[PDB]
Amino acid sequence: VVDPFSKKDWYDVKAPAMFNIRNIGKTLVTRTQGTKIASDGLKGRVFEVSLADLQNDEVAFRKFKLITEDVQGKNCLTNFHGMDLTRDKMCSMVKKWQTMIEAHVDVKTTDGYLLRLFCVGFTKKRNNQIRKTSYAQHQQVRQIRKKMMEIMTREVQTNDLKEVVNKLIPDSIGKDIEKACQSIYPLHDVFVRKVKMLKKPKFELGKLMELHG
Amino acid sequence: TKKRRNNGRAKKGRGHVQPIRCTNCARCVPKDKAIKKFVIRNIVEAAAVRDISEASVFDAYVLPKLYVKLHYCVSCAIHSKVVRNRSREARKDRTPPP
Amino acid sequence: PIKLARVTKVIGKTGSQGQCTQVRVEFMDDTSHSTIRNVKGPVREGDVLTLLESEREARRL
Amino acid sequence: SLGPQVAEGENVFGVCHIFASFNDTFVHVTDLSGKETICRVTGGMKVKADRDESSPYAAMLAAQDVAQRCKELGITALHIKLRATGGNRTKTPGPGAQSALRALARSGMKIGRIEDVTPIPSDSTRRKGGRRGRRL
RNA sequence: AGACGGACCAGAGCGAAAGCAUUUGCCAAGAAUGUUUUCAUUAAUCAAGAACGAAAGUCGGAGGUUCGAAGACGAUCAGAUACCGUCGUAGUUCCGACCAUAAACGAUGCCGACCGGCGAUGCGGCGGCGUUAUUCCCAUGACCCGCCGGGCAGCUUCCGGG
RNA sequence: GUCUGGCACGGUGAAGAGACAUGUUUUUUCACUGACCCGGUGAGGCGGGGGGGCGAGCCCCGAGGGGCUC
Ligand SMILES: [Mg+2]
Ligand SMILES: [Mg+2]
Ligand SMILES: [Mg+2]
Ligand SMILES: [Mg+2]
Ligand SMILES: [Mg+2]
Ligand SMILES: [Mg+2]
Ligand SMILES: [Mg+2]
Ligand SMILES: [Mg+2]
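Chains as they are written, first to last, in the deposited numbering: chain BB, 21 to 233; chain aa, 2 to 99; chain cc, 8 to 68; chain OO, 16 to 151.
If you are wondering where the hints come from, they were derived from the structure by calculation, not from laboratory data.
Be aware that one or more of the hints could be misleading.
Footprint (simulated), chain OO over chain aa, 3 or more residues, beta carbon under 8 Å [stated by the list, open to error]:
hint, region
1, 3 to 15
2, 56 to 67
3, 87 to 99
The calculated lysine-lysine pairs, modelled on DSS-like cross-linking and capped at a C-alpha distance of 27 Å, are [claimed, not checked]:
hint, chain 1, residue 1, chain 2, residue 2
4, aa, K70, BB, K115
5, BB, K145, aa, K66
6, cc, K20, aa, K82
7, aa, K37, BB, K115
8, BB, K83, aa, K37
9, BB, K115, aa, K66
10, aa, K38, aa, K93
11, BB, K145, aa, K37
12, BB, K109, OO, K106
13, aa, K70, BB, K152
14, BB, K222, BB, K187
15, aa, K4, aa, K66
16, BB, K83, BB, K152
17, cc, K10, OO, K106
Every residue gets a Cβ at the ideal spot worked out from N, C-alpha and C, and that includes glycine.
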């Protein structure tokens with residue numbers, strides 16, 4: 021019997037232009053036999069990859085998703101699909117004798133991209149503190165959740181996804197949410213977690229290339 | 002004969018509490034019984050550390066940990082040799098060891 | 008993949024009867040690499056073994 | 016021409032997808048996407064009896080076989096992704112994870128980015144056993 | 001598609017008890033504190049009688065992932081119509097009516113006074129050096145230091161009992 | 001009576017793959033409508049187009065025009 025790998029082809033994947041390192045690892049496809057074309061069976065893969073290896077000056081505990089959408093000449097040009105945090109870190113933040121806050125939202129950016137955002141924060145222990153606990157009351161928490169949703173909506177209903185990702189990479193959304201709420205409680209540890217993308221418009225090829233150029 | 006004053010469970014002023022399930026036993030016990038334990042172990046365990054870090058690709062690669070919460074039965078615990086019986090006066094210490 | 012190793016120090020007996028013993032060794036070809044193994048018979052510090060399974064990484068028995 | 020980008024330093028990434036547990040152990044090399052597979056291997060395909068499937072020995076043999084079939088294609092580096100049974104079970108790794116991983120390194124596969132992946136359900140369905148569990 | 005609401009979860013809170021945990025919005029109740037407001041003994045406990053009452057269970061509809069009394073098999077066993085493993089019915093889920101039991105335990109009736117200390121924790125009110133806060137100095141927590149009320153508990157003793 | 005295979009009524013075009021033997025027809029799939037069939041109506045405003053303009057958003061933009069989406 022013939023080994024089933026001899027009839028395959030190594031292609032390359034290519035990232036957008038918002039990222040410094042645009043050249044990542046490779047993938048492989050089968051050749052064209054009647055129907056079941058390579059480019060079609062190749063369209064839709066999702067390359068989970070960290071962020072340090074795209075920039076090499078940035079944090080390591082984040083992940084981007086980077087679906088592929090089009091192909092031309094053995095190079096698969098991708099688009100944004102999602103964001104995600106890393107678990108070792110998340111479980112590390114969740115500690116005890118303190119309080120944890122969460123929030124979420126849905127918003128539609130300037131284009132037809134609809135996406136669902138998530139946020140998280142932990143209360144703080146002042147450096148002279150003794151009472152061991154650092155809990156909150158339920159009311160002032162409602163303010164903070166409310167304050168999260170305002171800030172995200174304000175930032176996101178203004179821009180179309182080139183600006184937005186350039187905020188996400190050095191996440192300024194949460195650094196500002198920190199700054200706002202420190203007159204209620206401090207919230208030393210804050211992040212944007214997950215940026216799943218619920219709906220997307222059609223494929224406009226001219227939009228993609230000028231983004232990827 | 003009350004062997005304990007707490008009755009073995011840190012309720013003190015509720016009426017009812019939720020249950021959990023032993024991680025080994027699989028039985029249904031409250032959350033105030035059911036010994037707790039927390040694991041912050043590494044992933045490679047002190048033996049293959051040198052081998053990896055020399056066969057890596059990065060530069061010294063801080064090498065994450067692994068986090069778990071554990072629940073045990075009272076029965077399954079003593080058999081696991083976590084805790085042990087005590088004498089009368091020493092039952093009254095709420096301190097863990099170093 | 009037959010190998011050699013000298014002994015460094017003896018840790019303790021083991022087994023159901025106290026017949027096997029725990030030791031620590033270096034492979035006589037590289038000095039940094041090291042393992043711990045179970046042996047049978049009277050074994051003293053200063054010895055040399057003929058290992059076949061070059062790696063087991065045994066533990067308390 | 017398997018990864019014909021010949022520079023002798025352009026390392027070729029894959030992922031390994033170790034699923035360890037009791038009674039079994041799997042080693043499933045794939046590409047960056049997890050859609051295309053390269054020599055999935057187990058512990059039951061090597062040993063004879065059924066009560067020694069989940070031993071570190073059978074794990075070590077599997078990786079040696081996988082590494083062989085992997086270096087025959089130009090795949091040099093890997094990312095590791097570890098898994099336990101999860102769901103509503105132990106959700107701690109089994110006694111084949113340590114042994115397999117170490118046998119890849121010492122065979123030579125230039126690894127980076129070892130991480131865990133496991134379900135961790137929030138408060139999912141009722142576990143088997145029946146309120147007193149197995150009373151052996 | 002239907003269930004469940006992890007870690008944060010504590011000898012922490014609420015409720016007459018049973019019991020109560022994702023977000024938001026709505027509806028109507030309540031304790032404690034604060035009070036130089038008001039009525040003026042209107043109260044405590046209670047046969048008969050009346051509301052509520054875990055799980056199982058019964059009745060009529062909708063639904064039926066997971067688990068699983070019955071039930072069938074494979075093993076261990078001198079034997080096992082059990083402990084173990086695989087399947088799997090009633091039920092477990094919601095809507096509307098029945099029943100009124102539990103180690104329903106603080107195994108400790110309700111009301112009221114009196115009787116020793118200590119450090120904490122949760123709510124409200126009163127104050128004080130200082131730090132941050134925020135955006136230029138204030139009223140918000142956060143701590144720092146005390147006080148007062150009525151709460152869930154805790155350590156110590158020749159109070160005194162047994 | 002009923003299930004099923006074949007010939008005729010049976011037309012247009014495009015992709016994929018064959019047996020012989022070095023093109024033949026065959027075929028699986030996609031689409032079309034003009035035979036055929038179905039429903040509705042007192043056979044009552046279908047499609048393109050710009051003479052439309054009450055307006056909007058996308059381009060050039062003499063800010064006046066016309067191009068696109070409606
Ligand atoms: Mg009770
Ligand atoms: Mg009565
Ligand atoms: Mg009931
Ligand atoms: Mg019922
Ligand atoms: Mg019924
Ligand atoms: Mg079953
Ligand atoms: Mg009774
Ligand atoms: Mg009684």
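A quick look at each hint next to the structure:
1. 3 to 15: violated (count 0)
2. 56 to 67: holds (count 8)
3. 87 to 99: violated (count 0)
4. aa:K70 - BB:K115: Measuring from Cα to Cα gives roughly 12 Å; hence the hint holds.
5. BB:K145 - aa:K66: 24 Å, holds
6. cc:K20 - aa:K82: 22 Å, holds
7. aa:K37 - BB:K115: Holds, at about 15 Å.
8. BB:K83 - aa:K37: Violated, because 32 Å separates the two Cα atoms, which is more than 27 Å.
9. BB:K115 - aa:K66: Cα-Cα ~15 Å, so holds.
10. aa:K38 - aa:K93: 21 Å, holds
11. BB:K145 - aa:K37: Between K145 (chain BB) and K37 (chain aa) the Cα gap is close to 25 Å, so the pair holds against 27 Å.
12. BB:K109 - OO:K106: Roughly 18 Å between the alpha carbons, so the hint for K109 (chain BB) and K106 (chain OO) holds.
13. aa:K70 - BB:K152: Satisfied, since the Cα-Cα distance of roughly 21 Å is no more than 27 Å.
14. BB:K222 - BB:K187: 25 Å, holds
15. aa:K4 - aa:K66: Violated: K4 (chain aa) and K66 (chain aa) sit about 41 Å apart, past 27 Å.
16. BB:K83 - BB:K152: Answer violated: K83 (chain BB) to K152 (chain BB) is near 34 Å, above 27 Å.
17. cc:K10 - OO:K106: 38 Å, violated
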